[PDB]
Structure formats: C-alpha cells, structure tokens
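Excerpt of the complex: some chains, original placement.
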Amino acid sequence: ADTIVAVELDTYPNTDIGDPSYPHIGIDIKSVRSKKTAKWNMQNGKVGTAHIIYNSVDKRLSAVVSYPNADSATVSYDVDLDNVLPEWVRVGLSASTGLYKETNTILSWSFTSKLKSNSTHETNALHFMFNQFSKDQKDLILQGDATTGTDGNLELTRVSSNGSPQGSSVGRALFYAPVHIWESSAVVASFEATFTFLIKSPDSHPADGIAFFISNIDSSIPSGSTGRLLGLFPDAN
Amino acid sequence: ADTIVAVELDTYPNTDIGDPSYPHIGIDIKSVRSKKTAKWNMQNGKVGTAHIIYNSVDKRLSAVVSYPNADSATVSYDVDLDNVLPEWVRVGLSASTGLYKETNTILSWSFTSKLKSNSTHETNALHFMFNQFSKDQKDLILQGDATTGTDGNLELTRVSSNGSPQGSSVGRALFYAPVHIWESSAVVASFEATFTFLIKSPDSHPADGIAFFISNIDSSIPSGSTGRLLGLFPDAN
C-alpha cells in the first residue's frame, strides 16, 4: 500500500472517521483521520485558492484555503518528511464523490521544491506551473476519472456533458517526474504548492473533497477509495 | 528609534545581556536580548551559509546556520509581522566588532519576498541575488564601515590592507528598494533570505557577529551600536 502525506479540502463531514461536523481543511499523515483540522467556510460554486508550504527548518507543514473577500482557513502540523516519505516522491491532486457529489475542477496548479545539500549554494530545484491544462497534458499522469478538457481545466472527478457532477467518482493527476523531496545531506529541504479550484454542487450537500498529496513514486488509486477516502487511502484506519 | 526584526549569528557571549555562554544563533524581535537561541559551533575562517525563512501561514520565523560536513544550528519563533513591522520595510545585513574583533565578510546574499492579496493569484514579488559585489554596488545602501571591494565581497566591518580586522567597527548593507512585507488583504505573505559569510579572527576570541535584519525603511545605525549591539540596537534593553 502507498505512503501518503496530504492536505485535504474536505467538503463532507464523515464523523464516524473523526471529521468535525462541518467542512474543514486538514493535514493527513498516512491516514484519512486528519492529524489536525480547521473549520472551512466552503462556498458552493466560487473559485477558491489553496496554498501548502513546507520547510525543513521548522519541520512544519502548513496550508491556507481562501476565497476573495472571505476570511481564510489555516492549519499547521509537525512533519518530519524524512520520517514519513521516501527520498523520492510524486506530487499530485486527488478528489472524490460518493453518495453525494460535486464538481472537483482545478483551474491552475503550481509547485516548487528545493533541496540544498551539504554545500553553500548546492541547491537542486524543481518548479512547474499550469495556468491552463491542455487536452493532451503529457506531463500529467491521470488516474481513475480525472481528465483535462478543451476548456483548459483539470476535472479530477467525472462531470457529465451538461456540466453536472457524478457520484462514486475518484480521479487524480500527478506531476510526471519524480521529485527529490528530502536527502540526508540537505541543510534545507522545502516546497510549496498552490492551486485554484471550483467546487459546485446542485445537491444541497456537496461531497467529498479535493486534496494535494505527496506519495511514493508508484502511488495509484486504492481500490474502493471513492467517497470519504478521497482517492488517497485504502481504508478508514 | 528604529523597529528591528533580526536573525543574529552571535560570535561573542555577552552574558550580562542574556547571551548563552557559547556562540549561538538567535531570533531578535525589537531587542538585542534574543527571544530564542541555539548553540552554534562557529568555525573560525571557514565559509558558512545562513538561511532565514518566514511564512505568514504558520507565522513562524526560522533560521539555519551551517558549514559543509558539519551539523546545523536551527532556531524558530512565533512572529506576527503585522504586529511588529510597518507594512513597508528595508532588508539588510549588519555586523560589528568591539574590544574583540573578526572579519565580517559576505560572499553572497539573496532575498525573495511574496505577497498574495485578496485574489486567486494576485501576487506581488521581489527577488534579488548577489553572488559577487561590485565596487560601485548602486542597489546597496552602505552604512557605517561597510564597503564592497574589488575582490567581489561585501565587508560589513573594517578590515585593514593586510586583511586583519578592526575593533570598534559597525557597518550595514540594506537592499536599495523598500519591500512590501505584509499587507492586511494578503492571504500569504512570506520571504526567504540566504547568505554566505566568512568570519576570521587572529584573536583566540572572535567578536561580535553578523545579522540579517528587517527594519523600518529609514533605519540607520544607532549611535554607539558597536560590540554586542551588532549595529542593530541603541541599548541593551
């Protein structure tokens, strides 16, 4: 099974797996049961932004979700990445729907990672930025239902021709190249990621959420990981 | 008087102002008496690197100092920059010597700052990088004894023609343009800074240290701020 570190934008409260009773942002380290969460005032059908930061100086993973002219939602947690992830990973975005549903559209996505070795400026870096997705996006690995459309967006879960979202859907997009996220001779290892997202639901109740995740390089969608498992976890433990 | 947030590389223990009894790295918020410190195994005449990071998600200022093939020194502290600094600042490097002395040579210096407003990618950024300093470095404001040499380095305190450092010296270099470090409509405000430094002492005992600081835009060297005040503070309170 895979090793997952994720930040979750969770739109549907599953309280029997420890979700608080409201939509929330959370930090997940090898379990869907978040290590920390914060209340998130999710807004149905408005474009929002998420920003995930990590530095190995403070060993703290932090995230903010906001919408224009709204208060932000923020969460942070101690994370020693050398203790949780292999040296090489892939990075991605995942989303699901279950019995309830929502569009999980990504409008842009950026990532940067930097690894300063032993030496005085001996830095390796990777940066990518998608402000538009093409129909053939060859630097994305799409898993499950995820697709990139002729409209320039990344739809992580299934949406019908009339634009309405489907239940029981799960899909992911991982940057194509593996990422060196830590190295034992690194003075500073750190990364950041941002994406813009549009979650819309005809339901009164949207489900299930979108997550930015970092995984083993060979990570695939766990069987039956629709609904509350967000495409990331094989079970609710 | 000025408002100062600094990270100090303190080579000389002044225990009557709360220095621990060894060279140390520290975080200074409006006082020379560090809010936090860590033991620093300073190495006389070897090139070292310092890395300072801040993000407004976790509101944590962190720093690492290291030398190649040595263990690092690290410190972190809660810092709400909107509560400590004006919206606009200058950024700089400062150093001093007192009754004891040392070269305070800077071999390179980089900074980046980013301010994401209200909106989805509404980001302002500034980046500079000096990997060599010229004799006329017009984007640096030099204060006190600091100079840039024909050898490509920034000498913050006074060094004689034979290369030996002088006592009772204080000098600073601030990037020329003011920096927008926070804004009340910012989702994410953050910055990073790195410099490489060479501190050499013929003494058995080096003094006094080098600091990366952020100040009010009109900051100048406080009178008599040689020795333990590191060019940053008008008194020891």
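A and B label the chains in the order they appear, each numbered from 1.
Methods note: a residue touches a chain if its C-beta (ideal position, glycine included) is under 8 Å from a C-beta of that chain, and two chains touch if they have at least 3 such contacts.
Counting all copies of the one sequence in the full complex of this file gives 4, of which 2 are shown in place.
To be clear about the criterion, only the chains that are shown with their structure count from here on.
Centre-to-centre spacing of subunit A and subunit B amounts to 36 Å, using the average Cα coordinate of each chain. Looking at the complex, you find that subunit B touches subunit A at residues 47-49, 51, 53, 55, 57-58, 60, 62-64, 66, 68-69, 72, 74, 76, 108, 116, 118-121, 131, 187-188, 190, 194, 196.
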